[PDB]
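The residues making up each chain are set out below.
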Amino acid sequence: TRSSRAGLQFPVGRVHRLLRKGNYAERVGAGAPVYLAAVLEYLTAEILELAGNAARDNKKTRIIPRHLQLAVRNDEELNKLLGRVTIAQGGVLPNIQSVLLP
Amino acid sequence: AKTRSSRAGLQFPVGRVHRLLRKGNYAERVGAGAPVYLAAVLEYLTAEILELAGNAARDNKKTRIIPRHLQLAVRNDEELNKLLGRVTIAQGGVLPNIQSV
Amino acid sequence: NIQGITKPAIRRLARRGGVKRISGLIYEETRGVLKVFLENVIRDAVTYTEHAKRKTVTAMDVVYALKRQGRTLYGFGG
Amino acid sequence: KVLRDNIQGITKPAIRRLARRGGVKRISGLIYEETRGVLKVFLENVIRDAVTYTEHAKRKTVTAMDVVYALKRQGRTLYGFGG
Amino acid sequence: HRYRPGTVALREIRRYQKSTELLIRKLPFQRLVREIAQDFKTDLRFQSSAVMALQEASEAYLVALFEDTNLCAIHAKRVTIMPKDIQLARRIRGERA
Amino acid sequence: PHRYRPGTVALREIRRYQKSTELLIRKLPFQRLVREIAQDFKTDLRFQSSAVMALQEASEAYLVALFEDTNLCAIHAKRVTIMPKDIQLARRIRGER
Amino acid sequence: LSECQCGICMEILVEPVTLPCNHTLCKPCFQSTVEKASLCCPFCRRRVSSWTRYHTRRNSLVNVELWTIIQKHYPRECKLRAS
Amino acid sequence: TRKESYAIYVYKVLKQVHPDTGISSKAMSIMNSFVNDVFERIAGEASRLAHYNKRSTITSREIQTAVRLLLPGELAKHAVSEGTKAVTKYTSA
Amino acid sequence: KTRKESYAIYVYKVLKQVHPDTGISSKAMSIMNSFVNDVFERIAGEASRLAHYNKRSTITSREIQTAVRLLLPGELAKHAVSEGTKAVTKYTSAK
DNA sequence: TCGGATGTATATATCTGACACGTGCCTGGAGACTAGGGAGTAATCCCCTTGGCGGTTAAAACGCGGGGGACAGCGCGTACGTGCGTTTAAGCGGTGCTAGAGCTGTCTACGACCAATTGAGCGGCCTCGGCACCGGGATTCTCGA
DNA sequence: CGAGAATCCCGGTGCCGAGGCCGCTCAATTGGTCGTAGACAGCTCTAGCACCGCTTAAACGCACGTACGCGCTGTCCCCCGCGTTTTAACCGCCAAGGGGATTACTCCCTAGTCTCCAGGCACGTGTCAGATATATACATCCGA
Ligand SMILES: [Zn+2]
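In order, the protein sequences belong to chains C, G, F, B, E, A, K, H and D. Position in the first sequence (first residue = 1) + 15 = the deposited numbering. Position in the second sequence (first residue = 1) + 13 = the deposited numbering. Position in the third sequence (first residue = 1) + 24 = the deposited numbering. Position in the fourth sequence (first residue = 1) + 19 = the deposited numbering. Position in the fifth sequence (first residue = 1) + 38 = the deposited numbering. Position in the sixth sequence (first residue = 1) + 37 = the deposited numbering. Position in the seventh sequence (first residue = 1) + 10 = the deposited numbering. Position in the eighth sequence (first residue = 1) + 28 = the deposited numbering. Position in the ninth sequence (first residue = 1) + 27 = the deposited numbering.
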């Protein structure tokens, strides 16, 4: 396949179909699916690595929405990227103002 | 009448908006009454803004509308202010307002 | 109805937010802001459903309405 | 010619006029540095976007279209300079 | 015995920030949503998933608002939140005119 | 002789500058600053005078809005003078970084 | 010496970098084989990209604890590789 | 080259409403930008609705819902009334 | 029964490659799917906008590269463009 | 509590350039045809939403007591507004130059459309362990001392 | 420094969601052609950069002195924590039919194509609304 042609894990065929079906442009080049699949794959790898790290720190063997929330809101540029997204069952980070403490 | 604008009794060109929609990749196909509808809405909006622009111009004793008059109109009209709540108008200025304290 | 949102629930929301001490009028103010927010969201969703020719408001329509309002929500097939 | 310390061209009387238009009445002494910093970061972002647009266009001149379109990307649309 | 005021408050604060379940009870919220939708169009039907999504969104928005009011209140040198804080926070956000 | 008390000249100035619309920051210093900032990122760029003017427009609008919010916060704090803490609160509540 | 030489290029470990999979590599070779090429462990294929990002941000790639031990035990070998 | 604009059209509207008022170039350009802004907003909303509803063409109903979603209450009401009057006129004659 | 498609198997593949000893909940797969779709939408939409803007009717690798540089913040965007250029040169090496 | 002076507003002239109009020309708009797919409509099935009723049970509501927090008054000391004199550089305006934006011809490699072929991937069925829940002990704290 | 509960750390059971395997059809692959969007070369003129000088408006620095930020104190009353009583949310369970989803059918609305032509385009030209400078008349704000 084209995925094995470049060593990626994401579907070159699916993303090529979606670019056409979305009516984004009259014609679509060949390197576009490969590039877009690569960037999506790397981003998901980042998210999964951080979520798994947080989950293992919490001492569990599965990722849950709370682990995803910890991972995203704990990292600076990822918080910037998903600054407008609310995660279901995510909760909030433990943070108390210094003066409010006894 | 030949022209669609005269057919519908509008000033904005149905043919122009038809061409623009066709060359916009908004859909594979476009309808017939859609340009007419869009032109009517656009014309009503321009008429609405010109109402207040002209009234402000008369208030300032001027014959020509300017960006300051446009800014005053937009920011005095409550609804249009919500429509254009995130728009900067060049040379617009700020409404005269001093807070109480 | 609107007073169904009770004051221990409001207190729990404030506690989760990090608030330590609350006053008396906070309850009515919070009821007002919540009413406004719900009004807007259900208006948009109902418009979508009315366009779709359906009598059942679906979570996908709510997700679209929240996307319109700039409050994107994950977790419902979005 | 190499440029340096141009951020100091934003004079304190100019800062004062900006605040006077904004409606401020009494002005403190430490806020000039803060205004300079915020203006710096804002210009950094808008210039970044405009330069990238021009780079993709394969040109050597930054245009009003590029600046306007960057400001539209940031969600701060501006009228009166085309488009 | 009695704890001094504020310590049970912060204990609850920690307990609730450690948790992840929803706080508003389902039946009153569903009745509220049905009443609101009744005004606009008659005889609508709701998905349970749609009601849950609305609950999620309202939960998050209220939590964020309360964070902002707490910040304004502590800025005002007070420790108690007040309606003026919420009003000012909404104004600065730009929701309220 | 004569000396106006503090405040009256301030009101006079604010009404003067709210009546008019001309630009305030000086154009040659602004052009120098923007050219330097550009030189930071990529070498050898030329600028439209219209582009410089548009950048000045946007910066002016943004700073005036920021000062309005800062004044609101300072008034909320039962003060008359604004400060960097007020500026920081304005930016934080807006949600900028 | 055998434990103190990376298994790829067999030279003595200079500025060793211990990946979270407990493996270790010598530096000019770490960035030659990993940092700019694959972003994965040469033996267990573990992805390391964010690890390297965070460490390059905080300049903690080189295990100090093992580096001091290596310099104390084989300073001559370290100097010979450096030269 | 040619630089398309709605100048004569805005002038027609302004002459229709206020017979004694002219327009400046800066204001004319501002109005030209505003029309294009609302144009892209409405068109994008209609396209999203059409794609979501699994339909291959946009029409009067699509633009009607787009105007209803975008403009606030009374403006949208008057706009939809104007639109239906105009389309009725066009389809009748 | 509608044949809805999903990214679940490939997300699972990436997780297997990065963290071998870890599992996933169906809820979590839902958020991962939504996130992938959202990023795809943003990139495709801005790239289409750029292609319309430069009066050119084809969307290519240069368009997507500029897309990544405008959307993602600095460090990650550098990493993404590196990954993408590696992938495209590897693909065009073979036919 | 009048009075000076200084800012504002008011009035008037005038000269200029920006706006309005005439005019002529070419690309976009209008009309006519076609044929082909997409939406309209009827019908059918079954799934999900609504409604009712009750049982234990934790949550909500009410009262009360008091102590910590908000708000007002006061006093002190300094930082910023205001005025003036001096210094600096921005603004206006000619001149000169060339580098790069913009337009156009030619040719061509690259992508849309079409037909054949197959296997990755999705709906379904299965099975079993990670963590929800829970009863017993340690701690890590809060409060009185 | 003392007690003393709230919470943290811990061993057991067990059960519902996760992980694995199945198999078939629709989407991916492959091969091929044709045409046009796109890459590359060539020429050409608006404009961005650089300069110089004169002028004058604006920026700096200084002084002064008074209004406001800040800490402190006191007082009154409004939430917080606890104990007790009332209530309806939550779960399980059974009934019912309205409407979402799917399939088939058919007619009509629109992309694509070609032929005509006039409303919209640039370009040239004329003149009156308004910026500027300047002369005048009042509001008012603070010193006396
Ligand atoms: Zn390894």
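None of these hints come from the bench; they were simulated from the model. Hints should not be assumed to be uniformly reliable.
[What the hints assert, rightly or not] Where chain C lies over chain E, by a calculated footprint (3+ residues, C-beta under 8 Å):
#: 1; stretch: 46 to 58
#: 2; stretch: 98 to 108
[What the hints assert, rightly or not] Below, in silico cross-link-like pairs of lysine-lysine (DSSO-like), each with a Cα-Cα straight-line distance of 27 Å or less:
#: 3; chain 1: D; residue 1: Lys82; chain 2: A; residue 2: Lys79
#: 4; chain 1: B; residue 1: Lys79; chain 2: B; residue 2: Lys59
#: 5; chain 1: B; residue 1: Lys31; chain 2: A; residue 2: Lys122
#: 6; chain 1: F; residue 1: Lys79; chain 2: F; residue 2: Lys91
#: 7; chain 1: D; residue 1: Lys31; chain 2: D; residue 2: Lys82
#: 8; chain 1: D; residue 1: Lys82; chain 2: G; residue 2: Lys36
Virtual Cβ for every residue (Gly too), placed ideally from N, Cα, C.
Checklist entry - Are there three or more residues in the stretch 46 to 58 of chain E whose C-beta lies within less than 8 Å of some C-beta in chain C? => result holds (count 7)
Checklist entry - Under the criterion that the straight-line Cα-Cα distance not exceed 27 Å, is the pair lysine 82(D), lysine 36(G) satisfied? => result 11 Å, holds
Item to check | Hinted pair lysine 31(D) and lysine 82(D), Cα distance within 27 Å | outcome: Outside the cut-off at roughly 36 Å; violated.
Item to check | 27 Å Cα cutoff - pair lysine 31(B), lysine 122(A) | outcome: The hint holds at about 19 Å.
Next on the checklist: Please verify whether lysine 79(F) and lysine 91(F) have alpha carbons no more than 27 Å apart.
Outcome noted: It holds: about 22 Å lies between the C-alpha atoms, which stays within 27 Å.
Item to check | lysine 79(B) paired with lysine 59(B) [C-alpha distance capped at 27 Å] | outcome: 23 Å, holds
Checklist entry - Is the Cα-Cα distance between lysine 82(D) and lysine 79(A) 27 Å or less? => result 25 Å, holds
Next on the checklist: Cut-off 8 Å, C-beta pairs, minimum 3 residues; does the coverage of the stretch 98 to 108 of chain E by chain C stand?
Outcome noted: It holds: at least three residues are needed, and the stretch 98 to 108 of chain E offers 3 whose Cβ sits within less than 8 Å of chain C.
Of the numbered hints stated above, the single one contradicted by the structure is hint 7.
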